[PDB]
Amino acid sequence: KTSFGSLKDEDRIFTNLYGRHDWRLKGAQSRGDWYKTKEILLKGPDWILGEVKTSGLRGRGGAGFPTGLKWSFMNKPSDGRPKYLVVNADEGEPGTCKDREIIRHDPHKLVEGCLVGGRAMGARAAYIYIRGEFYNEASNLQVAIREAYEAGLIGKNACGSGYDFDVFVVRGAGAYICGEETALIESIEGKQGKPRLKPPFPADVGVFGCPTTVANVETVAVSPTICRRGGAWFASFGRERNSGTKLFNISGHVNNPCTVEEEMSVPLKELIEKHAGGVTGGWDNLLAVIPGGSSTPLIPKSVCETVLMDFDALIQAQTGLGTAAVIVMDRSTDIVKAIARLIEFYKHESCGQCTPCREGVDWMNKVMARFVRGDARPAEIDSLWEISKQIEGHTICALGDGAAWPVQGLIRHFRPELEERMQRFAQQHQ
Amino acid sequence: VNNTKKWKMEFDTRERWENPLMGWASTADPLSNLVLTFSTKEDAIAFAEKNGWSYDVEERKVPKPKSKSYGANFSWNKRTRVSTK
Amino acid sequence: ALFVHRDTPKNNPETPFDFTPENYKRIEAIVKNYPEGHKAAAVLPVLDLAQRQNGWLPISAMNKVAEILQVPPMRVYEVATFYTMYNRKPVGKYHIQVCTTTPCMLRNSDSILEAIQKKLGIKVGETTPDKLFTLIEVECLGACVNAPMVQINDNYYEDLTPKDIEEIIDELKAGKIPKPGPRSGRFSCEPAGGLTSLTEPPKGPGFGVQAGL
Ligand SMILES: NC(=O)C1=CN([C@@H]2O[C@H](COP(=O)(O)OP(=O)(O)OC[C@H]3O[C@@H](n4cnc5c(N)ncnc54)[C@H](O)[C@@H]3O)[C@@H](O)[C@H]2O)C=CC1
Ligand SMILES: Cc1cc2nc3c(=O)[nH]c(=O)nc-3n(C[C@H](O)[C@H](O)[C@H](O)COP(=O)(O)O)c2cc1C
Ligand code: SF4
Ligand code: FES
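Residue numbers (the deposited numbering), protein chains in the order written: chain 1, 9 to 438; chain c, 49 to 133; chain 2, 5 to 217.
Everything labelled a hint here was simulated from the structure, so no lab data went into it. Do not take every clue at face value.
As the list claims (entries may be wrong) - In silico DSS-like cross-links for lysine-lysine, where the CA-CA straight-line distance does not exceed 30 Å: (1) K84 (chain 1) x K126 (chain c); (2) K36 (chain 2) x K84 (chain 1); (3) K133 (chain c) x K68 (chain 2); (4) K116 (chain c) x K206 (chain 1); (5) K43 (chain 2) x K126 (chain c); (6) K282 (chain 1) x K9 (chain 1).
Claimed, not checked - With the Cβ distance kept under 8 Å, some of the chain 1 side facing chain 2 (calculated, not the full set): (7) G13; (8) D17; (9) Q37; (10) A159; (11) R237; (12) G260; (13) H356.
Note that CB positions come from ideal geometry on N, CA and C, so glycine has one too.
Isolated chain 1, as found in the complex:
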């Protein structure tokens, strides 16, 4: 297959994405959830890990690490400590609102994903670290978890399989850094959401010091559908090493901002013009697209014409796939103001632990606040570039990377607009 997109409704994993059907247990079982879950649990951890490895599922959180290879890090005998699946439901990325839709509208799909994934990794329980701002979504998920306990689907003898498995929901308290997996682990442990240094990876030392896999809501909730439909079904979509379906959040300057499930390697132009109603003012009104939420560098209209929305084609477009959160910016956008607001986000959402982010993200925000007004000189552009390169790769977690990358994308694609901003400041203020 060479062309991708135009995903059929029979191949959707997240049916009832839009809240048009019953999210509760009767509606979930009438859509295929909790079907033959006992037969999945009784085929063992190795079969489930083989299905997830065969499916080509990569991490839907945004880095795209191979999910079966990641979950097989727990496939090892116990050493006295319990094992834990932890579901990352924080979702603090600007642009990204898909895990809210999974929790709010398909909650039993997430609970069955917790059960299947925790059986695959031998986990004792699931801690769903949900964002504290998602209060109605958290109570929604708790009603579904009560329905799953009262039906015997989780808990003591989950689905009649002889495997005991709890599902806990921990609410956040307003920190974007608490979606980073080790900072999330520290937030569950009752501390400041500061990321741990890796190694130890959480499969060695995770939550409470136990073996732990932190996995996104989307990569957890697709796993029962992967175990039922088969890994060869899920690997039949998208390009190679880019398998499956993906939730896309097209927001910003489109006619119809929406969340939509779509095949993996869909063109960005096809996605925007088909599901979002196109850019406001036509496709010729397009200035830039942040392809995968705030941490990915922007790409201009010349790149957006032919680019595919998977991991590898956006890496070749020197950006990232990320959370697949498409932020569309038309020609009327002050793009320096938008990227500087994004850097303002990253200094308000920075836990202050390590020196390059704690100091340099604030210093990049001050430089970007002067670049919006033009109150600068062009030698400070490359300077800012070097400042971003002194944050990238030198920090504890990738929030420093995710703050350096929008600066780098803005400089790389819009240096002349920065320069004409500064020179018109210089000619009307001197």
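Fit chains c and 2 with the ligands to the known structure of chain 1 by using the hints.
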């Protein structure tokens, strides 16, 4: 730790008193500022014995090797968990 | 906006705070979610519970959470100053949180911030004199396709216009509760000009299930 690499020979500190005019530190010890540098202990001992100086030798105190593990900050059942970070 | 505490007569370690007994049963349920020997893991919910009982956190809720969980009080102060939901000052009864990050700023959240400011007569960070509304300006609330949106105490109010948020503030002042959803024609997150997807009925249990299962 770069100032802990070489051996030093100093002498016993003698009397420092107050200058009556200015309050300055007056001394009558010529050897009060004499600090000699040696690569080994035996070179310093040979130099002190060669010059008739009665000496006392303190052995080099190296810091013993520590067992450092960042994962020990987050143990399951040990007291070495950090309460904050 | 400060991260030190100074004792005031309305915020001091002798300010009266104590949980209700139903809140103690809720705290016992929270503590039972975590392994034995890791009761400190209940710092973030229980302290948030202390914010749901009181509306905000004086430094007796922090000290009570430190006392009943047997954690040092500094380790509760770290949590209360780290996380942006813990109100360490008394906020109004309706805590309006306007998202002004880039996906909401592109869809004109500044017009709604200005509409709330000229409706309530306050600015960002201030509280109305009848203690009903606190207007602050927050980061991405995770409702980006429903931009522009606000949050009022638990609830998202989405796809807003200035007229819609004026209507929401009017029925908050009138004692009623508004409906937490998009104020445009759509329901949650679908395309506004009709469904571009999921128009077929869902297939049901057993569809596409592979052999050997
Ligand atoms: N979904 C969201 O709301 C957000 C997502 N992101 C995304 O997060 C990504 C960066 O996240 P990180 O987890 O910090 O980076 P990533 O490099 O480390 O790692 C992703 C996952 O792979 C695992 N992993 C990677 N290398 C490993 C190894 N050698 N051994 C064992 N496990 C290994 C990690 O434990 C982690 O769970 C970015 O691509 C960004 O797009 C960023 C912000 C918000
Ligand atoms: C600053 C920062 C914030 C993150 N926030 C989230 C998040 O909110 N939700 C999420 O699923 N992943 C988030 N991630 C990515 C996680 O670290 C981790 O890769 C992911 O949650 C679990 O891996 P997975 O993609 O295989 O599911 C964040 C990463 C960083 C650096
Ligand atoms: S880079 Fe920033 S977000 Fe990460 S540990 Fe350091 S201060 Fe925290
Ligand atoms: S940008 Fe305002 S909700 Fe995400």
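Checked hints:
no.: 1; hint: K84 (chain 1) x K126 (chain c); verdict: holds, 22 Å
no.: 2; hint: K36 (chain 2) x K84 (chain 1); verdict: holds, 28 Å
no.: 3; hint: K133 (chain c) x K68 (chain 2); verdict: holds, 22 Å
no.: 4; hint: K116 (chain c) x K206 (chain 1); verdict: holds, 15 Å
no.: 5; hint: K43 (chain 2) x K126 (chain c); verdict: holds, 15 Å
no.: 6; hint: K282 (chain 1) x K9 (chain 1); verdict: holds, 20 Å
no.: 7; hint: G13; verdict: violated, 11 Å
no.: 8; hint: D17; verdict: holds, 4 Å
no.: 9; hint: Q37; verdict: holds, 6 Å
no.: 10; hint: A159; verdict: violated, 14 Å
no.: 11; hint: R237; verdict: holds, 5 Å
no.: 12; hint: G260; verdict: holds, 5 Å
no.: 13; hint: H356; verdict: holds, 6 Å
Hint violations for this structure: numbers 7, 10, all remaining hints satisfied.
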